[PDB]
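Number of protein chains: 2
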Amino acid sequence: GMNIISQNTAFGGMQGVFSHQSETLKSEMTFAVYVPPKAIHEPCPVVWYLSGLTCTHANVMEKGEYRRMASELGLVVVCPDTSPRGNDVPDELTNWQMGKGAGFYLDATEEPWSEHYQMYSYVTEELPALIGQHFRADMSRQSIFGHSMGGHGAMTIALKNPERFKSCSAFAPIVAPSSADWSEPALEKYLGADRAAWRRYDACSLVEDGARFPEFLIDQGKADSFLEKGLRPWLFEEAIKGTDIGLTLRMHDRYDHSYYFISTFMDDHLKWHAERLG
Amino acid sequence: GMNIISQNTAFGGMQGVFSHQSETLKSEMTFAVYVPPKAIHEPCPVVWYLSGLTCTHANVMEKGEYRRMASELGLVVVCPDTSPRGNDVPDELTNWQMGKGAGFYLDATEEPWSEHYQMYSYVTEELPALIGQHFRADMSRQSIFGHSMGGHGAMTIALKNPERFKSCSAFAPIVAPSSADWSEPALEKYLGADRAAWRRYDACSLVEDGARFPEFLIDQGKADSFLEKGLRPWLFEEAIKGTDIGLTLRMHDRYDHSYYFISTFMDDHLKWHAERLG
Ligand SMILES: [Cl-]
Ligand SMILES: [Cl-]
Ligand SMILES: [Cl-]
Ligand SMILES: [Cl-]
Ligand SMILES: [Mg+2]
Ligand SMILES: [Mg+2]
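In order, the protein sequence lines correspond to chains A and B. Numbering-wise, the authors' numbering puts 63 at position 64 of the first sequence, and it's gapless, one number per residue. Numbering-wise, the authors' numbering puts 180 at position 181 of the second sequence, and it's gapless, one number per residue.
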């Protein structure tokens with residue numbers, strides 16, 4: 000079940016925007032799919048890009064600069080929204096760090112959030128079913144990456160589902176949302192005051208508890224204003240000490256949190272995935 | 000005299016957004032400048048990108064995908080707004096083809112447009128004076144390009160200032176605004192019912208009247224919905240016959256009017272200008 004909002008040719012391929020009625024989210028949902036030239040010949044491998052706080056599918060679609068290299072490498076690029084949307088969906092209106100645009104890629108258990116805030120189930124189950132049903136996508140070759148809250152999303156999803164994803168990378172991820180300023184309150188609202196339930200939604204906690212994934216690429220800007228209190232990639236370096244998990248963590252002078260940083264290193268990430276997708 | 004709105008590192012260069020008080024437009028005005036890594040060591044050539052209807056500096060800055068090749072080629076990229084701005088600037092509110100976002104790179108003579116709508120003088124005199132003052136730019140090496148109304152802007156400006164610019168290109172330009180549905184009413188409102196005054200602001204008319212410039216690159220999508228009524232690049236082909244003006248007109252299957260088309264062919268245009276900027 001799917002509505003076509005827009006279709007535009009870019010680098011020989013097709014960048015589309017689509018909407019559907021989500022059952023897991025009880026919402027009409029909008030997402031973007033870029034289909035490369037090669038898809039006419041064969042179903043192509045999928046990279047799932049998960050966006051950060053306040054974003055929709057549009058921020059990366061417009062600014063990520065992924066189509067040139069996705070076209071070259073023959074990659075399908077899927078960009079979901081970041082929360083449920085709609086009049087019925089509850090929100091925290093005066094906090095951009097909570098509610099709409101702020102689903103934290105988890106399955107909410109607390110009221111009122113529980114009804115619509117099922118982003119973990121949406122990204123891992125419902126939307127992949129819809130993509131396979133409707134697009135020229137090889138569902139046996141899927142990878143996942145994202146920005147910030149999206150990097151949190153990408154990494155926790157990979158660690159919890161290692162056999163579903165060939166590779167994982169991130170741009171400025173929240174690697175330890177359980178103790179990060181902008182994510183701790185959200186976790187408490189969505190999941191409750193008892194911090195034990197949070198461990199399946201924290202990349203570091205998941206590693207601590209024995210979850211594994213082959214390796215990760217993480218790019219991080221040194222001038223990123225969120226680095227010290229919000230991001231703290233070193234905590235992930237600490238968590239993986241003594242494990243088999245590979246980490247290629249690159250810290251970049253002068254680069255910040257924005258799409259100017261993301262777009263700069265986008266080709267590296269697309270190649271990273273294409274190589275590991277097989 | 001300039002204000003810094005934003006600075007962001009992208010491909011080793013700096014994408015900035017700035018504002019100033021414009022004397023020519025009696026407006027507070029915002030523009031974008033990308034400074035490539037080459038400017039760390041030496042003055043760089045400047046490409047001016049003029050945007051189309053409804054745009055600000057933002058559309059191309061976010062979606063044009065020029066920074067990767069601009070950084071590589073060592074090009075300063077300046078992206079002005081498309082009209083005067085402010086709460087007391089006259090407009091046709093719901094007409095996206097007139098007033099705000101629709102200055103047509105002309106100096107208006109008719110009331111009430113006369114007061115603020117001096118986009119030709121802004122782009123050719125005032126803003127270049129500011130750019131040379133505040134940036135490590137080699138003003139002896141300047142080129143100009145644009146999209147649609149901005150293609151009309153770049154082309155008419157080049158034709159009237161052949162010694163100022165080394166090269167000129169356009170994405171889906173309005174080559175003959177005097178007989179196009181979306182531009183003909185604007186010319187009449189800004190310049191008067193007497194079509195004689197429109198000739199200085201029509202690429203085809205300028206050529207007919209003896210204006211020259213070495214050559215133009217024009218990219219045009221075949222699936223562009225404005226092709227037959229608003230664009231008609233074949234009219235410029237006709238105008239340059241028996242003249243010394245060169246034209247490389249490329250017509251692309253499946254491509255439309257959007258930034259998906261513009262970004263696909265951006266590298267070609269940047270290389271075109273870099274070549275001729277020496
Ligand atoms: Cl975030
Ligand atoms: Cl930042
Ligand atoms: Cl236009
Ligand atoms: Cl179109
Ligand atoms: Mg909120
Ligand atoms: Mg208007």
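To be clear, the hints were calculated from the coordinates, so they are not data collected in a lab. Treat the hints with care, as some may be off.
Note that identical chains are pooled: a pair holds if it fits in a single copy or bridges any two copies.
To be verified - Computed cross-link-like contacts, DMTMM-like style, restricted to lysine to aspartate or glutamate with a CA-CA straight-line distance of at most 20 Å:
{"#": "1", "residue 1": "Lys62", "residue 2": "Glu183"}
{"#": "2", "residue 1": "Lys37", "residue 2": "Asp137"}
{"#": "3", "residue 1": "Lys62", "residue 2": "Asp266"}
{"#": "4", "residue 1": "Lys62", "residue 2": "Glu91"}
{"#": "5", "residue 1": "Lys37", "residue 2": "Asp252"}
{"#": "6", "residue 1": "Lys221", "residue 2": "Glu125"}
{"#": "7", "residue 1": "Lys62", "residue 2": "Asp255"}
{"#": "8", "residue 1": "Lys188", "residue 2": "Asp87"}
{"#": "9", "residue 1": "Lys188", "residue 2": "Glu114"}
{"#": "10", "residue 1": "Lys159", "residue 2": "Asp243"}
{"#": "11", "residue 1": "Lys221", "residue 2": "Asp180"}
{"#": "12", "residue 1": "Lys240", "residue 2": "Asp90"}
Structure-inconsistent hints, enumerated in ascending order: 1, 4, 6 and 12
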